[PDB]
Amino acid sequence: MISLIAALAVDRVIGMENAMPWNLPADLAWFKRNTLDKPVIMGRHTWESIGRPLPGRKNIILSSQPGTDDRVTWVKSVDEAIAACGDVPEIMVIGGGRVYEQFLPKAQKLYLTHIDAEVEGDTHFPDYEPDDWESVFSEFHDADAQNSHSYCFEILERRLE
């Protein structure tokens, strides 16, 4: 199935997670653990922002313009992106805002890191309707030496009911 994974500051603000306060090592470990050996779908700015494929995974880039790197697979539509992942238990949509908004209707699971911090940005995570989603897990953590804000991991699952 299709899952969205994102780190959200207050007001559901997202930004390219090489800036701060998205340099939270705990979120980085959570991200790695939850995307390990799964194909990942991303947009072209996100691809530009990481500079090299995530290792040991099919990396798919969803963009209207022709590809410029043969270490990844380039596609033009959501359905081509999904077909490019093949028959796998879980596809991880990893950014950015426009890619999140195109895959939200097909997604069944959300892996959200709620970060207790304020950042300027126009880019918000899509507005998941509380009624369509059930929170199945959360785990709060204080700020510590490695992590400069408090943060909370959350997993939600789309309701049939």
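Whichever C-alpha set is largest while still superposing within 1.5 Å between the two forms counts as the rigid core. Only residues modelled in both forms are compared. Positions refer to the first chain, counted from 1. What changes on going to the form deposited in another entry:
Annotation: Cα of residue 23 displaced by at least 2 Å between the two forms, core superposition. At a threshold of 2 Å in C-alpha displacement, with the core superposed and only residues shared by both forms counted, 16 to 23 is the one segment of at least 3 consecutive residues that shifts between the two forms.
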Given for the second form:
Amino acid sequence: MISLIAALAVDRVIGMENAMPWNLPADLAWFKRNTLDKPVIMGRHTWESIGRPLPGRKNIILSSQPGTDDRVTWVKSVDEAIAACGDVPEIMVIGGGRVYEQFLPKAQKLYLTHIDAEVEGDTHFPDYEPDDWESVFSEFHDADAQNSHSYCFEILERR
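Please show me the structure of the same protein in the form deposited in another entry, now that we have looked at it in the form deposited in one PDB entry.
Below: the lone chain, stripped of partners and molecules.
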């Protein structure tokens, strides 16, 4: 099964010209909880953003240009990325925009963090029909001493 995991500000904003203007360690901990020991597929901009390989996960980078880091796997097609995951119960697609776009139609599950931030987006999560999805988990949190905005965790399963 393929799943997508994303953090969405208002209007589905997922990325900006520069680093996103929030500080959400609790969301990064949710991200880790749901990706640890699973293969993760990402595009090159997201790979650059993260800075290094995500620990304890097989990192696959989907890209048309040859790779510039030997500590991860570089693939040139969606089907190559999937094959590189081998035989695992769940593949996690971690962005960014174009990669979500490409994997959405194949995905059966979404792990979304909705962040209460009004920002002008450079890239957006795909316009999914919430109509077509079943929320099986939701959990709301206010901003606190460590987290700058209010956010809500959701898991959704393809109806």
